[PDB]
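Asks: Letter by letter, the chains look like this.
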Amino acid sequence: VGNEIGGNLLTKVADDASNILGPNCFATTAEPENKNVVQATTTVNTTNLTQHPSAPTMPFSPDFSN
Amino acid sequence: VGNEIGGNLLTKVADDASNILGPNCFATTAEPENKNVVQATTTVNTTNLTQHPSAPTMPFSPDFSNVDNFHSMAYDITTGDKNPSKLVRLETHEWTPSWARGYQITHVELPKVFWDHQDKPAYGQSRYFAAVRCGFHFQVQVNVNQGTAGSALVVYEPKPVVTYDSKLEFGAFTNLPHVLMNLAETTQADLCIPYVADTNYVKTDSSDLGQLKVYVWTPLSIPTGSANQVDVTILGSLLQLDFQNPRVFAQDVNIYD
Amino acid sequence: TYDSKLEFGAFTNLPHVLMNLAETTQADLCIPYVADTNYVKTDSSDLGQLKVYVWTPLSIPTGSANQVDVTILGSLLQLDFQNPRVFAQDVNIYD
Amino acid sequence: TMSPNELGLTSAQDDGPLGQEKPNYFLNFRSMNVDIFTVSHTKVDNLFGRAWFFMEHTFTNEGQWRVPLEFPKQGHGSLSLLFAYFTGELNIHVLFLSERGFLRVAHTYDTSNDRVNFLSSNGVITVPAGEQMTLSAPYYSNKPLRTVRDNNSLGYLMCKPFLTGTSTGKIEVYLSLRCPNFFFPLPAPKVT
Amino acid sequence: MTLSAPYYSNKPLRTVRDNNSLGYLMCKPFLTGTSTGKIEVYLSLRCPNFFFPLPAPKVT
Amino acid sequence: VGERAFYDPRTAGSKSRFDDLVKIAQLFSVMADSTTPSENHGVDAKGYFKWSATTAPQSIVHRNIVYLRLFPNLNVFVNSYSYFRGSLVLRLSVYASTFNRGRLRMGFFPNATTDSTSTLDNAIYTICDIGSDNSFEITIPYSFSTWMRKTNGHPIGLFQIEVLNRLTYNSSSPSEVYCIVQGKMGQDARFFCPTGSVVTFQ
Amino acid sequence: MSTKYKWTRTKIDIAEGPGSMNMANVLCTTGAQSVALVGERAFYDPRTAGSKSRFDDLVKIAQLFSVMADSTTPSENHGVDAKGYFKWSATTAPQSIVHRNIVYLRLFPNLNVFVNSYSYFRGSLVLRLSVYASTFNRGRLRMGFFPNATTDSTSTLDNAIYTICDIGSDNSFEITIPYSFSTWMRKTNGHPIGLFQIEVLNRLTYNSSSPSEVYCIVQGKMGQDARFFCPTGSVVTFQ
Amino acid sequence: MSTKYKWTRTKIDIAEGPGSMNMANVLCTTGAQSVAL
Amino acid sequence: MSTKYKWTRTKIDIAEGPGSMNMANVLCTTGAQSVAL
RNA sequence: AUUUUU
RNA sequence: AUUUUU
RNA sequence: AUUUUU
RNA sequence: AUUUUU
RNA sequence: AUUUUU
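Residue numbers (full-length UniProt numbering), protein chains in the order written: chain A, 32 to 97; chain B, 32 to 288; chain C, 194 to 288; chain D, 567 to 758; chain E, 699 to 758; chain F, 341 to 542; chain G, 304 to 542; chain H, 304 to 340; chain I, 304 to 340.
Calculated from the structure, these hints are not laboratory results.
Just so it is clear, CB atoms sit at the ideal spot from N, CA and C, and this is done for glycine as well.
This list has only true hints and no planted wrong ones.
Residues of chain H clear of chain I, computed beta-carbon distances all greater than 12 angstroms: (1) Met304; (2) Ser305; (3) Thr306; (4) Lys307; (5) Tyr308; (6) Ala335; (7) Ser337; (8) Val338; (9) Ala339; (10) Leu340.
With a straight-line Cα cutoff of 35 angstroms, these simulated DSBU-like cross-link-like pairs (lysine-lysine) come out: (11) D/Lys588 <-> B/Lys43; (12) F/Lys363 <-> D/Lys609; (13) G/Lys355 <-> E/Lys709; (14) G/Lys355 <-> I/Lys307; (15) F/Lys490 <-> E/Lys726; (16) D/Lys726 <-> G/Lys314; (17) B/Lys117 <-> D/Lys709; (18) F/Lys363 <-> D/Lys756; (19) G/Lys309 <-> H/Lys307; (20) E/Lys709 <-> D/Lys588; (21) I/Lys314 <-> H/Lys309; (22) B/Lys113 <-> F/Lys355.
Let the sequences and hints guide you as you build the complete structure.
Replies: Structure (structure tokens):
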């Protein structure tokens, strides 16, 4: 109904007013990488609750077989 | 699991306690118009990042074709685009009689000559780019009455030649794209020169990429009564043009190492 | 032209964006060629002009900053230069 | 079902593009369209198809009457002020109040005051004394669109009465338009 | 002339008796010289819809 | 030759002409718009007033009798058509910060004439809870003793916006905000007879 | 091809009368110009009137009963007047008259309106006498009618169109008068309808707890074959 | 479509005699207007 | 049905000349009125 | 509203 | 009531 | 009596 | 003589 | 330009 249409109301308009040189503008809308989510982690008899999680990291092509 | 169920936990309850008069309450839940999103817009070499976008607006039943169906301007739609490649007068010097063979009539700084003055169609764009890669189409014109005779050497000299010009033997310049044009026979010479350099791109506003010259093959043999003011003109067109590197307005930028 | 003759609060009839601060940081407006003539003289104020008014004045708390900047960016969905002319010389396309 | 957006909860900054026929409801209510007449009185063609007074001129000699026709800020025609551009047929209603004579009437969008000195091909219709005619002037404008506000938004009207004796009188003029093309609605006008 | 005015009333029905049962008529003459005169007016109706007949009127 | 011309919408940036005027009557416009907010606690016609923390949980932030002429767009039709019908939509837009919170109930008593504060429990009301979308609306179904009512005659009704819950704030947020009231016609709106003019525009 | 003649507009002769306005023929008025924005029509609403349809024929109104020469007080002349409101009394002899008068259409509220509108008419007329007595009162009353009669004088009704009324539960007797004139259509306001007389046949009987005299009402309407024809000027002004 | 011409009412030429009343030809009198309801 | 419009008589525009009598074209004279019974 | 006429 | 005309 | 016009 | 209009 | 009317 609005507040996200920023991508196809700019991507199309140009696609409608484009010449042989193609569109002079492209617009894409989506959700931020930092979304409103909650993460929970449980180890032996423990539970970690985080409401502001971040993308977990790890070394290059790692081997956790240990 | 909760925090949104506000719609079917109120819409149903009534639908469960409704009489012949129907439900006495309706509840609907959903996401706000202003959601948590991010918008990105890219124009020529630009990118606008907004994390608090709003619904884009526009006039009623708008037409963005932007093309005048009546053609109040009868020209090709791509006129402005191709304009800079347009043919232009690059030079016009006077063939001063009594000039021995080999003598240089006139030269022309290639390719910076196409932006010779602010009145050159290509001068506009040339100022917003530091790199250039283009092809040329020259048309050296020399008119002389039938009574008179003579011949001039219209030849293209890349930077290599221009650099070591004195080290080269005249009369061999016929090895370069040229046009020995015999006056009283031809009034114009045509030369199609592609991009020639030892570098992929040439710095805009530079004498690189060589330069076109006009020499005296055989001096003018002007009879007594015949006129004695022969003018040599050099016209230039861009077979293909390409401006890449962006830069401040007419600021010397070094594309070379 | 006739700006003073128009009632503010009705300007919402024109392509606009009532943008509520603290909610939106940018507004988007796609405007096609609008004029009573097929073409507009280059270097002219014709074809109108974009403006930014004060819907409701800024309510800046005590500690909060007080220097809000308004910026206007522009892109050409489609451009078309036709009439040739000397360098930047005023030419009349109109009658 | 019905969303909260259609129940009143919305955001003013999410109205673009212009022209959103969004439905508004609540229990015990729904948009009910009931017609009283066989047709609409809101349609541009119908409303404007009805004339409205413009101005009056009192002549004494055989002089000519040149007047910049414009949209009214007075009658029901004022509804035009809500638009910016116009184009289409123009109906001119002229009343020739005279005892004995003829009234030459013409219309042009041409601004030049000399192309009218003659009336060669500017539409010289003839209304005999004490008569009245309704001429429909075509869009013979040199401009694709007519800013609706201009003191000459509509083309100029010419009236050169051909009197016979000392007779004098007055020419009342009112007007309407045939099928009007309005574009890009602008903000509502103010009051005096 | 004989002009037929439509039922442009804001009331679905017109009490037939009212001093204004029928809508108001306007006449603004556009005269030219000292000329004067008189405007006689008579009227009828096109297809009339009458409802709920009431008792007969009295005489003066 | 009694012919016709080929119109050019493109120059106007449009793909088609405008055929119906009702659509314009369906465009929001501020009610009795002013440069300064209501200096009488909103008891005037100004559709531009202030929502203040001080205002009691029942005090009034704005009250007035509504007429079509109080709206720029509509006032034009008022000076053109004699009658009309259909629902009217009013949209209150409160411009507060992301920290401000509170509720406000705006009701409407159709065809009411006594300009006096009164409980809205029986009136058509809408409770406004401040959040992200701070522009609440309210629809008023056609209500008259006739199938068509005067465009300029009897009031539309009593419009009142009372405080439900004091506007809350904090150290870095405003203790009072600005509000705007717009008005337009419903999708079932209609106008009927064109009449003379009661005012002159400019 | 018809190129042997220079094309021209049609030529026509204009009949007598330049702007003659016919305000007599309906076929003329209904075709008049319309000041309507688009010359259209409106949707009528009968419901607000509590009706399911409009009223198309006026004759039906002429067929609605109305009191004859109605008055506040009963006939003070033993009914020898036009008052359609008189008294039936026990005293009145078994042949005396309780009411006599010459009947005209104008003597009836509803009809008098048509009398002031139309010039002629035809059809039968119905008069309904309603005697309001108690359940104990008994007796008979003969009401006759001599069509087009003019001499207002009591006379034997043996040869007149009469109706004998025997008091019971339905105390509202009628009497029909078939169209009777030398023409196929008669003046709505001219020659009398006839002589109307209501004579006593059997004295109104009563008892200790019942009235010795009762009230009577005479109504009049048009028959199912009633018709009116030419509309004429007015002879009176209503209010 | 015939939209190349602005629609207009029919135009006709009126023959001699404005309100000439022919009281000789029966075909003329029988066609006279009716004052009938 | 065409009951969306109030029925009315045809409207027509009268060309130049009110009672102009053409005494040049035969096609005009032969069509003149007849005083015949 | 064959609420112009058949 | 081809009581406009065939 | 295409003695309106084809 | 689609040199009224299609 | 069913941007006269269906």
